[PDB]
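Using the sequences and the accompanying hints, generate a full structural model.
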Amino acid sequence: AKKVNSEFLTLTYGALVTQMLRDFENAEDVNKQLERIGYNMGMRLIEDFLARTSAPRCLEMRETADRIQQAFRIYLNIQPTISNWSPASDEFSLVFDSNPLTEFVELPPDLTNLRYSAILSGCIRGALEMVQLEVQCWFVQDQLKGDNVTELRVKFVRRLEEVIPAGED
Amino acid sequence: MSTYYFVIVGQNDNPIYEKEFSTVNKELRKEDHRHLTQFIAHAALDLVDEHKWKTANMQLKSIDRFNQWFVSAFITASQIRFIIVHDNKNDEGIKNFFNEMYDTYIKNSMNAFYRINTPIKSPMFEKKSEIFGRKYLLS
Amino acid sequence: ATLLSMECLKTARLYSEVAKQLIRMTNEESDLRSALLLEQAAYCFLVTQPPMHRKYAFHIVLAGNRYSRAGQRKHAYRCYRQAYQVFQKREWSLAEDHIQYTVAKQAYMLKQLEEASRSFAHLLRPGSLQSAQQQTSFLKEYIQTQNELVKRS
Amino acid sequence: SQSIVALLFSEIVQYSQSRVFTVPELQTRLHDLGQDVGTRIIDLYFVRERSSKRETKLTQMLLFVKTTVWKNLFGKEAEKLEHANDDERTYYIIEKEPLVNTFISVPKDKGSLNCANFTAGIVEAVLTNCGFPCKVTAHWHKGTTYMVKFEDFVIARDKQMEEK
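Line by line, the protein sequences give chains I, G, A and H. Residues 10 to 178 (the authors' numbering) make up the first sequence, in order. Residues 1 to 139 (the authors' numbering) make up the second sequence, in order. Residues 509 to 661 (the authors' numbering) make up the third sequence, in order. Residues 31 to 194 (the authors' numbering) make up the fourth sequence, in order.
Once the Cα atoms are required to be at most 27 Å apart in a straight line, the calculated DSS-like pairs of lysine-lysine come out as:
| no. | chain 1 | residue 1 | chain 2 | residue 2 |
| --- | --- | --- | --- | --- |
| 1 | G | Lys121 | I | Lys154 |
| 2 | H | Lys194 | G | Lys54 |
| 3 | A | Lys563 | G | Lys30 |
| 4 | H | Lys96 | I | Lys12 |
| 5 | G | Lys52 | H | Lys179 |
| 6 | H | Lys101 | G | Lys107 |
| 7 | A | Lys528 | G | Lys61 |
| 8 | A | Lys563 | G | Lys52 |
| 9 | H | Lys87 | G | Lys61 |
| 10 | A | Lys619 | A | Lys582 |
| 11 | H | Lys126 | H | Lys179 |
| 12 | H | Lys179 | G | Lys54 |
| 13 | I | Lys12 | H | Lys172 |
| 14 | I | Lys11 | H | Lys126 |
| 15 | I | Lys11 | G | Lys107 |
| 16 | H | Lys87 | G | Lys54 |
| 17 | H | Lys83 | I | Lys12 |
| 18 | G | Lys52 | H | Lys96 |
The hints are simulated quantities; they were obtained by calculation from the structure and are not laboratory data.
Take a look at the structure:
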C-alpha cells in the first residue's frame, strides 16, 4: 500500500534540512553532510534494490543507467529518463520528473549554494560505490533552482572489479 | 466601499503579516490605523478566544466595533487568527476566501522553511495575497 | 444609572456586562467626561479579568490626551502612570514608542529623559521600519539623551 | 515505499546522535523533529479527513487524531485511547505497533527512548496546535504507549465545557 505519503516524507526531509541549517549557518557543511547521508543511504538502499532484480553488476553503463532509473520508480515512484550520451558514450543525463521531497518546498535565495535533493545525487553515489563502480555524479539542471524538470549528469570514472566478483578492494 | 485590511495573529499571539485591500488614500493616517488594527487584532484575539469556545466552526462572522470599522475573525485548526477590518462587511465570499488563503497557508506549511509563527517572507504567498485581494476584497 | 449598574453587578462578580455598557457610554457625552469615564469603564473592564488590557491601554491614552486637556492633575497623572505601567506589563513597544514620544514631550520639559531614551533605543530604527518623522524623532531623542549624558558627565 | 523512509528517518536519528552527547536530549531532539513535522501534519489532515471540522471535545478531537494520523502515517490506527479517572489531565494512547520498530531498532541498553519519542512529539504538536497544549511522553508500558498530560488550564476549560 506504499505505506507512506509523499507529503509525509517531504515533511520529514524538509524538517531535517531546516535542522541542519539551524545547526550550521554555512550551506557548505549542510551540502557535505547531506551528501554524506546520501552515500550512507545509497549503500544500504542497493541492498534492497538488488533484493528484487538480480541484475549483473555492469555489462555496460546503459545497464547501470536503467538500473538507477528503475530504482526511483521502485522507491519514489517516478520514472526518470536517460539521454544525452557522449561520443565517448560512458556518461549520460538523467531526468527526474517530480520529486516527492520537493513538492512545494521553496528554498531561500539567501541559501542558493545549497543543493537540496543532492541526497539522491549522493544515493546513487553510495549505490554506485557498492557495486564497485564509483561515479562523479551531480546535477546540470535543477527543477529546484528554477529549471523546468530535474536533470542530473552522470560521469562514470573507473571500475573496481576483475574477472572475479571479488574484484580489487 | 470598505477599507478591507487583513492581519495575521499567530499561535503565540504575536502578529505576523498584514495585507491591505483598501482604496488608495490617507496612507499616513493609515499608518496610525495600522497600529490601531494591530491593537484590534489583539482585542479580537481576546474576544474570539471565548467566542470560539462558544462554537466549533471555522468562521466567527464579526465581533468588535469601533463606530466605523467592522472586525471579521477567522479561526483555523492552526489556531491562527485571520482578521479583516472593513467599514461594510463582505462575509459571504470571504468564508471560502479565507478557506483558499487557508489552503495557500497550508502550502507554506509544507515548506518546512516556514515554521511556527515564523513571519511571512516568500514572494509566492505575497503574490497569492495580491491576486486574491484583487479578486474579492480589493475590488 | 450606569454607576448603580456598576456597583450592583459588582455585587454579582459578573462585571462583564457593566464593563460593556460603560465602555459604550464612555465614547460619548464629552471629550473630558469621556476621558475619566474611559478609565472608569476601562479599569472596570479589567476588574473581571486581569489580562486583555489592550483596548484599555488604547483608549486610556487616547483619553490621557484629554486628561492633560481638561482634567485635575492628580487624576490625569494617575492615568498616565497606570496606562504606561499596563503597557510595560505586556510590552509591545510599537505604539508605546509614539506614546513614549509623548512621554518625551512631557520629559523634554518636565519628566525624566532616560525613559524616552531607552524606549526609542529598544525600538532601534533599523529592523523596526521607522519612518522619516520617526528618524527625526530619534534625532531629537539623541538630543535629549545628549542633555542626559552632559548632565551625567 | 518503506525502506527509504525508515532508513532516512534513521539517519535523522543518528545524525542527532552525532550532534548529541547523551540519551535524554537526544530524545529531546527526536521530540523537536516530531513537533516540526506535526506542526503541519495537523492542518493537512484537518481538511482531507476531518472535512475541515473542529472538535472542541477533547475526546472527539483526540479520537479522530488517533484514527487519522495513524491511518495515513503508519496505516493502522492506534489500538486504544483511554482516559485515566484519577488524573483527568493525564490520559493514554496505546499503540501496540511500534513505529520505531517498524524499522527494527537499536538495543535499548545504551539508550532508553526512540522514534517513539518522535511520534510522541508529533502528537504533542497536534495537541498544542489544536488548542489543547499537552505533554506527550513515549512509554514502554504495555508496549508502546503515549502518556498525555493536559495543562490544568486546558483540562479546566474542558471541565467547564463538560458542565452542560
